[PDB]
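One chain comes next, on its own, written as structure tokens: the form deposited in one PDB entry.
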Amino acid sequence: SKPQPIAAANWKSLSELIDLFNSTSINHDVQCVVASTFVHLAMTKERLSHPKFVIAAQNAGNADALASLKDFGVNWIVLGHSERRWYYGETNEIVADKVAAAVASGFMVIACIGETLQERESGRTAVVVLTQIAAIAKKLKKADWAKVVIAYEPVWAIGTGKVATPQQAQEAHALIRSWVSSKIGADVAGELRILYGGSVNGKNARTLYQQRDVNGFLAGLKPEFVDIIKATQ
């Protein structure tokens, strides 16, 4: 069966959304995550009180900063998110190094991978996406995967007017899981959460989650996130 799902919201009225979250009865087993840019961390940390949620940081790559976050009570982090790669110039290896540093500093890591429109249209989804995860794997030991969560972002269907179908999502999640099974271990593959990080809402979240290899979502910090959480059964 599927491992514990994750519903994660990635920051990019915050108070009003937090209250909404706090007031939400979540009846099933799902780890919820609110990922914040540094300036919003303190307020989110103090306002978010739902015990099925954890706070996550984003993009920290310095060991002292990681230690300070941990000391501050932040135990999750999101790394490799699309714009970090296509805009900020974080390479496969930079993201991998950040993932490894975070794991070593005691973080649960949501590590993001995904191909662009140009890459997808050149037929290079697999080589691009698997090369990204391969770089991450290179800096990890097998035991570390207990602290890793993968998020697949269809960058090609983000801001391009292109639209991903649940089958296209499943296809991508499946080829990732197959790579993990073969290169890391079928035991690791079976427990690994692979989250969908493309367009999601209350209309299609439930449909996406029904896919065999989808274990939750990395979505926007928005009111409909409540529906995304509920979609994880």
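Residue numbers count along the first chain shown, from 1. Take the two forms, find the largest set of C-alpha atoms that superpose within 1.5 Å, and that set is the rigid core. First, how it differs from the form deposited in another entry.
- Among the residues 101, 135, 74, 158, the single one whose Cα moves by at least 2 Å between these two forms, once the core is superposed, is 158.
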Contents of the next structure:
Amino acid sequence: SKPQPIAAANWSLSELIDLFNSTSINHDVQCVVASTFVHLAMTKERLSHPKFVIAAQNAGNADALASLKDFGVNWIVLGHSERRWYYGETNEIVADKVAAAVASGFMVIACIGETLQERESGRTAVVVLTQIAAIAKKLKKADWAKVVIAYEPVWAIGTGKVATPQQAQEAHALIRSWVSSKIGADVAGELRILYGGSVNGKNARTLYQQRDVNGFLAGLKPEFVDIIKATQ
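Please give the corresponding structure for the form deposited in another entry, as opposed to the form deposited in one PDB entry shown earlier.
Shown below: the chain alone.
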């Protein structure tokens, strides 16, 4: 059966926090609010729901990680689409950031995913696996307990074009199969692989039914409540 699912929101911020705080969540699911540096302190001050944790984003400096831990931040998102396609973080830069975060005692949501052209030319597999192999090269087996994979087709991020359940399931399954082969079937079976890209209230439920979907990464928005509820 599936490991504990995760619903993660990538960042009015005060009214959203109010709404989350008042939300009862009956089933088992880890919720994550990933905030940019400038809004971290306020989020931690305001968000008191114990099923939620706060996540930093993109920190790559040794002292920065240290300071985040000091402040009570234990989760971090790394490798998100724009980091790669705009900021210029390579597979190896992302992988180094992930190993550093794990060494500093972070839970890590590592993002991978293919471009529109890669998808169209049928190169989704080679691309996403090259990306995860770079990450895995800097980790030891035991590290995976601290790792979560977020699969996000670049063409589905903020475009309104969601992956179909078939597309998501196929991607998730090829990722899990590679992890099974290269890392261990034990690690594979416990690994959370999340889907992201145009997830909403209407489509999340159907996506979660898929065998290899363990939750979602989505925007910080009022409908995030329904995405959380769709993780069953």
